[PDB]
Amino acid sequence: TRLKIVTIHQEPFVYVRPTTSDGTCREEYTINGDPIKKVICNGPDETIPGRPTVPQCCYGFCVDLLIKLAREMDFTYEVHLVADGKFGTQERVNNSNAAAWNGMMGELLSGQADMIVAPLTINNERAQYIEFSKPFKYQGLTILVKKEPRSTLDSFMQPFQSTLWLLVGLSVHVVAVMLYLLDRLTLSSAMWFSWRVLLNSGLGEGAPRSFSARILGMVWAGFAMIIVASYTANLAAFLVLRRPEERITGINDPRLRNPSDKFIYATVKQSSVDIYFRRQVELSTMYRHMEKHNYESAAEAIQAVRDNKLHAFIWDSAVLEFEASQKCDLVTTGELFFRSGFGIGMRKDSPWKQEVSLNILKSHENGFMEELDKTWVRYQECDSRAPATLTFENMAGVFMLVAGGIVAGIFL
Amino acid sequence: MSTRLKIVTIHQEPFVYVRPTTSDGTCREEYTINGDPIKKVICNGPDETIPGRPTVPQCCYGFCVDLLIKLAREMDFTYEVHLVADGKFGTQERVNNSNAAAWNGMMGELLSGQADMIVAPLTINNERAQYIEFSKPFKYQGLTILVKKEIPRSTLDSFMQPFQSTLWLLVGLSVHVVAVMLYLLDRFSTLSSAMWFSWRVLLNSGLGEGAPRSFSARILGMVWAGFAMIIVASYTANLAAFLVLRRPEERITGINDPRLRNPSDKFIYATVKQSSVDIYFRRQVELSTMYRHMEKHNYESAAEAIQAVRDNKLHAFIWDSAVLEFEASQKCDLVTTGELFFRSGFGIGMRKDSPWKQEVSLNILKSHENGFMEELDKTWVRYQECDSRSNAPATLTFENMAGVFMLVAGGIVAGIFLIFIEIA
Amino acid sequence: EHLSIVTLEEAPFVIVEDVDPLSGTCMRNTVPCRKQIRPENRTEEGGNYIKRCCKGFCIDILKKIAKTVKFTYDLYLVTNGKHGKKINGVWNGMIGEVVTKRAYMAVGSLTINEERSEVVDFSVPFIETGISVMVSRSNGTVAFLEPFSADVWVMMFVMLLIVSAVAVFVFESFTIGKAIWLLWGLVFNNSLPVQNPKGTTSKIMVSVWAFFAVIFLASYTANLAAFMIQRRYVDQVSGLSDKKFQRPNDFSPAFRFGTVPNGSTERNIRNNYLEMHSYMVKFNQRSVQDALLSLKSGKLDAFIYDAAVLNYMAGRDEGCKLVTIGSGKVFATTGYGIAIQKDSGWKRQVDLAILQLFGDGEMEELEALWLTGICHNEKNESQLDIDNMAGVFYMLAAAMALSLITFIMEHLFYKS
Amino acid sequence: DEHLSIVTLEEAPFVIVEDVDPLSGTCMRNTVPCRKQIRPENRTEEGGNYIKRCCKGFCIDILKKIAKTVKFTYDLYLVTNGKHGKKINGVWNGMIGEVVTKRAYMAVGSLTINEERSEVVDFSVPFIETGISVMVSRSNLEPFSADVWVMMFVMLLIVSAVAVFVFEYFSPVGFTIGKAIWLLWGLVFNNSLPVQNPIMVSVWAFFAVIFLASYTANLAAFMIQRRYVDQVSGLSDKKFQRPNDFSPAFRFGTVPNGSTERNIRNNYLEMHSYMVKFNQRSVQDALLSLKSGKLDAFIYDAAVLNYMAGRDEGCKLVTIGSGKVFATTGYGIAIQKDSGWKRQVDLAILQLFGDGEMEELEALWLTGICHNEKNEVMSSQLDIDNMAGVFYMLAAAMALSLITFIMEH
Ligand SMILES: CC(C)CCC[C@@H](C)[C@H]1CC[C@H]2[C@@H]3CC=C4C[C@@H](OC(=O)CCC(=O)O)CC[C@]4(C)[C@H]3CC[C@]12C
Ligand SMILES: C[C@]12N[C@H](Cc3ccccc31)c1ccccc12
Ligand SMILES: CC(=O)N[C@@H]1[C@@H](O)[C@H](O)[C@@H](CO)O[C@H]1O
Ligand SMILES: CC(=O)N[C@@H]1[C@@H](O)[C@H](O)[C@@H](CO)O[C@H]1O
Ligand SMILES: CC(=O)N[C@@H]1[C@@H](O)[C@H](O)[C@@H](CO)O[C@H]1O
Ligand SMILES: N[C@@H](CCC(=O)O)C(=O)O
Ligand SMILES: N[C@@H](CCC(=O)O)C(=O)O
Ligand SMILES: N[C@@H](CCC(=O)O)C(=O)O
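Protein chains in written order, with the entry's author numbering: chain E, 396 to 543, 545 to 580, 591 to 791, 794 to 820; chain G, 394 to 582, 592 to 826; chain F, 397 to 538, 542 to 571, 582 to 790, 794 to 828; chain H, 396 to 535, 544 to 577, 583 to 606, 613 to 823.
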């Protein structure tokens, strides 16, 4: 027969762009060297503020999966974009005794759609009304952000770990005390000799003449050149390809828990990520900051995180990591949490659910999803860097360590 | 319209792959790195796994097979491909007849009628052109010498590689402008003490015998000490900057390297026997010395010399550029060292009285202009080259350190001569 | 509602521990679970069934679910070992017992494939699992002395001595020995307390040495920054580079890939790459620990295995020599799932229970308590390690004790 | 011992055209005489008198050698009509036009072997590889970070307060705090302080190790930027296929009626229509367009661009793609069609390849002072503009410090 297909515009999975002036989809070839497959989508063109329906050209990962599923079972389809432009939610707006769904969920429950072929996440709140197949996308939750600077701390203890610096001091007193012993006021001359040799103070106060003490001091001066060459070495190594900052909160981080108006982390309104922080009473406080600073479309939050408007952005790992591989101004949070999966959605009484889901279980077994990945998740590299001017904050840090040592020295 | 013509080829690895048949007899279906079907034909060649040298069918695929098919399309002819009996390329020799010479290899079988056209990476040269006609080359190449990837030596240079001769004159002009200016600025307007003051402040000598105390000379000496930490920081900065993106010294600095001309028994090089390079070093009398060494160390198959270069058995392997560069893009233990030489071209071979030479050469020109040969290059030179390889300089190399040490020692010895100059 | 469940033993998903003989019953987390042995026995040629206590991750899921949906359970283990393989149209193992109706539900280390999904049903995925390969890398990397070459010692000391011998005489209240300590002190970044020469010619040669100082310093700064700026990387090719599943040979002399025969990974590799089916069936392993020893003792280059079980192992490895090829690459993308009766069953409500365990965050707390490994628990662990400082301090301290040997030798020569 | 008249063009370094030496009244060095029939006008002629010049180069040398091995006479002639080869209204003009026009029996020079040309004329074996190529000049002094001067002055103030905090020994004036601010400030600028301090000097020394380590480490940071990477690498990139994209547009062009024009026309129609409007005049003028920002990138023949980059002063313009060459065609002596010395000329070229004399020929003509650098791209060999900025800081602060000296006076 003929069944309707509802989908939403998601950047990596479902591209929704209009056609040329003639009316057919522009034929193109991907960077791999393959014809990109597109179909017709009748939905609200966001270009016209009017919210009017207009057929278009749609293509992507979920489009290839929709053509594949249409090839597996002996059925045809008629794709159309979702009317309201959101994923879906359950609510009761005008009826205090009867509730309904909105989005693709609403069109499915109202009969306006027969199948959802978009990155639709599986969860328990939606499982009460629809039936899902075996997931076609393994993902999670990561806080996505656009991150800025080389130094957050004094640069003397950064290249050498605490064991290396403490070892250097232990050698300072091993050569000061071993020099006082081998050369046998005097203690201040030994400490001033070792410290003046390590710091190039050049006081010229005293010196021992014993071959044991001269060899000890030569090992101490050469070792001083090697430890300052290691501090300047690894200190110069953290100039290119520096380790990422802790702005990536992760599952259990302080930045994700505390709702400060300066570090704007938020979720898309009328979506699941708002329900993740709205249901938990502990995050209710954060929910407050999310209640007044939430965004509608995920692309608006992406542009806000690119325009330095939104600090962090908790979102699915597939989309956030994809935008991090496409727009290298943004990075996802480490320690991936809330691992879920995108899968197709069907109604309960449908028999297709038995076969189609099994087909997905077969679709993973043959490795077709790996080719779809090779097509629709490709990482575009960026500038590997560099920091340049960005050296002031550190220099103020190390200068703050020196000035702090001058204050503690004034107390002494 | 058929004109079924036999076709002979050789096993040169990028251009002609030769792998065995599957249990059913068909070729193993494989997928092109680009994600496309790999071509396939059957070859009647020598079985290398058995004593008999018996003829056994195989599956052969690659650049020369694909180009062979494209030509079989543009011109209305049919083919039957097989590997050469003797297993080597064409060369002229006289094994049993002292007064008459003959060709053996593909060139031979092509002249012997056993084949009607040879399509392989055949070198183009004068000796073969007098007996066979070549096309406008389908491959433009030369000869490179292959070596194993030895200890990362340093790019040899003098100690002044960081700063050219033009900038040092200005730097020294500022040094004597601030030492003589320090002689004028001292005491608000001795000379040797001023040069020792400014130089002692620039080199951190810290003698302290002479030192200006004026706030103009002490503040100018603080901009001078800051110019010393910034100039020294720039010296160590760029001196560490050449360190990355360095080209480890190529072992043989071209065919005319110190180790290359003199056949010292520490560095042994050779090429494939009964091959084009054998005619190149056998004809050229001057290279006879090298040839002498090669005369005793050449190999029958080219792959054997490749693995010899990988197994530290053989030191250097002068060969065709496309094969060696491809093996360098396949194995990370092999590099091609030095400047290219004998730049020739692989072209389709056929007897001189053949009219196929005209249309075939023209279709090679077209396949060049059509951009088809570039596609074949993307397909069969996968260029899965080993990249991001990072130079590791030896903590130091006597050379590139004996230059600065030689300048300093020379300064001393001359400086004794300069003490003899101050004596007068 | 006594619901008997059949399961298999594979840590840490199902840890089996004998009952405490002092307490008799099972203590703490563990739920009662029996196990019956056909080959040997105490009475009735096998009729006696041993009693055990089962605790772990999936066991906590079955007991917690048993508390949520209010269905009681008497756990039972599988006698014939398998995962989800079917032979000659007859299935054996956990999914085999799920098809044989000997267990209403089946929770454990059971993978979800199409062959089982066609004959039995599964729930929502609990953990992402698939086909993956594991190989071990040697911790062979090796340190500040590496920067300067061996020419540093002979050349530098020789030139110094010769120059103070030559230069001292080019230099030509008190006169204190030789100023070689001033030269070597100047070589080690100024910091020289020695008195410079008062002559006019010595003001030249010393300057030259200053050059030989700073340049050497620069080298000691460049080259120590050279060898140390090459770390934290891996260049093994991705995207099925070995081709061993189809062509066993590679740029390496051999590629060995083993699968558990009559297993889900073997059947999936048997149905994917027939060459991997022949070479995997020829290289079929016995147990998982035997293959792990084959990967640790150099007896096997790699293994092909479930992905999650190998993912928890990274923490387990000590000194973490071992690692998962691809920094977390997954090939099949399937999941674990509790088996239910075909067509008919509580499947919907039980799935609500699973996704409820995911909704309450119990997967994150369980992964933090069970899954999290001291290893890699920290974010990635640029900073100079203790190995380099050990390299320097071995030479500094070696020259210190050797300096004391110069003091004892100075005493042996002083007593003369 | 035959006529074998040869037509040629002038294209350096392959065919350099020099005036006859007036003192020698003959072609100096190893030049070959080459005339030019100026037809349209003359002092007392109308298309009959030919001017005299002296042509010498790489192609001239290869012509001389081939003529030595194969016995034939020849008189070198320049091409009056067009240049090179081009085909208009089915009528051939240029060198190939004169070779097929029988106005020249042979045509040797910087002439490419192409199918359309090989239709009407014959070609020998190729002696030099020559195709299409791209070349672009990349259109795109310490990291003080507004802290060198402010931290040096505040370090002098902290040196004064720390000097008053020392309170040791005996000092000359009631100056000395400024002598410990010049000694402590100098020590902050990498030791070099001759003043024996009476610790505050230890704190400033720690600031010298840490702060100096930051100055040298960041000085190595700004210099560790990998450069010479081409703006457009592939020549199949989007910057070439779709010009109206990045703003401003990437202006590029080529030289008309060559091999690149006919092959680019028969290959890409749209790209040809886009590049025909921005076509350039001469090779050196196109180098100026690639240098003066009038053209972001420039694409043309490979060999002439290889030398033009090897002899380019400063080696600024380099080939895009680290020497990538498309098309792959090569030059060759153009002989008479259908019949000719088809095999003898090739045999001469291939025996000349056997002796190996090209290598010497390219060493004499092709090898530039740019390919003679180290095997590494070397980044910037030596600071000529960056070091001059630090010298402008030392000289600017030297005249300003002299203003503090006269104001101090
Ligand atoms: C899908 C089936 C129905 C084929 C469509 C038949 C027509 C609708 C044909 C007639 C002329 C074709 C076109 C010819 C010109 C272009 C080539 C190509 O567009 C471009 O090359 C981009 C440069 C530019 O926009 O000018 C692809 C679309 C288009 C409009 C073709 C699209 C389809 C067109 C309009
Ligand atoms: C002498 C030295 N003092 C600072 C920092 C540093 C670090 C390691 C070794 C040596 C130096 C400096 C800058 C530039 C050149 C040499 C040095
Ligand atoms: C597109 C193309 O180059 N076609 C060529 C043609 O140019 C040539 O004239 C002819 C030989 O006569 O062979 C065709 O294959
Ligand atoms: C885990 C394991 O090795 N299981 C094997 C199974 O693969 C094999 O089919 C059977 C045949 O006897 O023997 C079992 O022990
Ligand atoms: C530099 C230039 O534009 N030269 C053209 C030439 O390419 C063309 O062949 C000729 C007429 O055909 O007209 C010239 O002006
Ligand atoms: N190594 C590949 C080369 C062909 C290709 O993948 O393009 C093979 O032997 O099949
Ligand atoms: N000599 C060439 C001119 C273009 C080029 O040098 O590549 C030709 O015959 O067209
Ligand atoms: N004409 C150059 C070409 C160099 C190259 O192959 O890039 C030569 O033969 O030396």
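Possibly wrong hints are sitting among the right ones.
[Stated by the list, open to error] Here are a few chain E residues that sit away from chain F, every Cβ distance over 12 angstroms (derived from the structure):
1. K432
2. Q732
3. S756
4. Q760
[What the hints assert, rightly or not] Below, computed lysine-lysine pairings styled on DSSO-like, alpha-carbon distance capped at 30 angstroms:
5. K463(G) x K756(H)
6. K460(H) x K478(H)
7. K738(H) x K542(G)
8. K751(H) x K730(H)
9. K738(F) x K733(G)
10. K788(H) x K478(H)
11. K780(E) x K668(G)
12. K733(G) x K691(F)
13. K463(F) x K754(E)
14. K715(G) x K738(F)
15. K788(H) x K668(G)
16. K433(G) x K733(G)
17. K715(G) x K463(F)
18. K431(H) x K780(G)
19. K466(H) x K691(H)
20. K652(F) x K705(F)
21. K768(G) x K756(H)
22. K715(G) x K780(E)
23. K542(G) x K691(F)
24. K463(F) x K733(G)
25. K432(E) x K653(H)
26. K652(H) x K780(G)
Simulated from the structure, these hints should not be mistaken for lab results.
Built from N, CA and C at the ideal position, the CB exists for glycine as well.
(message) Can you confirm whether the C-alpha distance between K466(H) and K691(H) stays at or below 30 angstroms?
(response) violated (48 angstroms)
(message) With the threshold set at 30 angstroms, check whether the alpha-carbon distance from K733(G) to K691(F) stays at or below it.
(response) holds (29 angstroms)
(message) Next pair to validate is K463(G) with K756(H); report whether the Cα-Cα distance is within 30 angstroms.
(response) Holds - the C-alpha atoms of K756(H) and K463(G) are around 27 angstroms apart, at most 30 angstroms.
(request) Compare the distance between the alpha carbons of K460(H) and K478(H) with 30 angstroms, and conclude whether the hinted pair is satisfied. (result) holds (24 angstroms)
(message) Hinted pair, alpha-carbon criterion (30 angstroms max): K652(H), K780(G). Please report holds or violated.
(response) holds (19 angstroms)
(request) Would you check the hint for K780(E) and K668(G), treating anything up to 30 angstroms between C-alpha atoms as holding? (result) Measuring from Cα to Cα gives roughly 50 angstroms; hence the hint is violated.
(request) Quickly compare the C-alpha distance for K433(G) and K733(G) to 30 angstroms and report which way the hint goes. (result) Since the Cα atoms of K433(G) and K733(G) sit roughly 25 angstroms apart, the hinted pair holds (cutoff 30 angstroms).
(message) Is the claim that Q732(E) lies outside the interface with chain F correct, judged by CB distances over 12 angstroms?
(response) Its Cβ never comes within 12 angstroms of chain F, the nearest being 20 angstroms, so this holds.
(message) A cut-off of 12 angstroms on Cβ-Cβ distance, and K432(E) was said to be off the interface with chain F. Does that hold?
(response) Non-interface label stands for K432(E): nearest chain F Cβ at 22 angstroms, farther than 12 angstroms.
(message) Hint check: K652(F) vs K705(F), CA-CA at most 30 angstroms. Holds or violated?
(response) Between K652(F) and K705(F) the Cα gap is close to 22 angstroms, so the pair holds against 30 angstroms.
(request) Given the hint that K432(E) pairs with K653(H), test it: the Cα-Cα distance must not exceed 30 angstroms. (result) holds (25 angstroms)
(request) With a cut-off of 30 angstroms on the C-alpha distance, tell me whether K542(G) and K691(F) pass. (result) violated (36 angstroms)
Hint violations for this structure: numbers 4, 8, 10, 11, 14, 17, 18, 19, 22, 23 and 24, all remaining hints satisfied.
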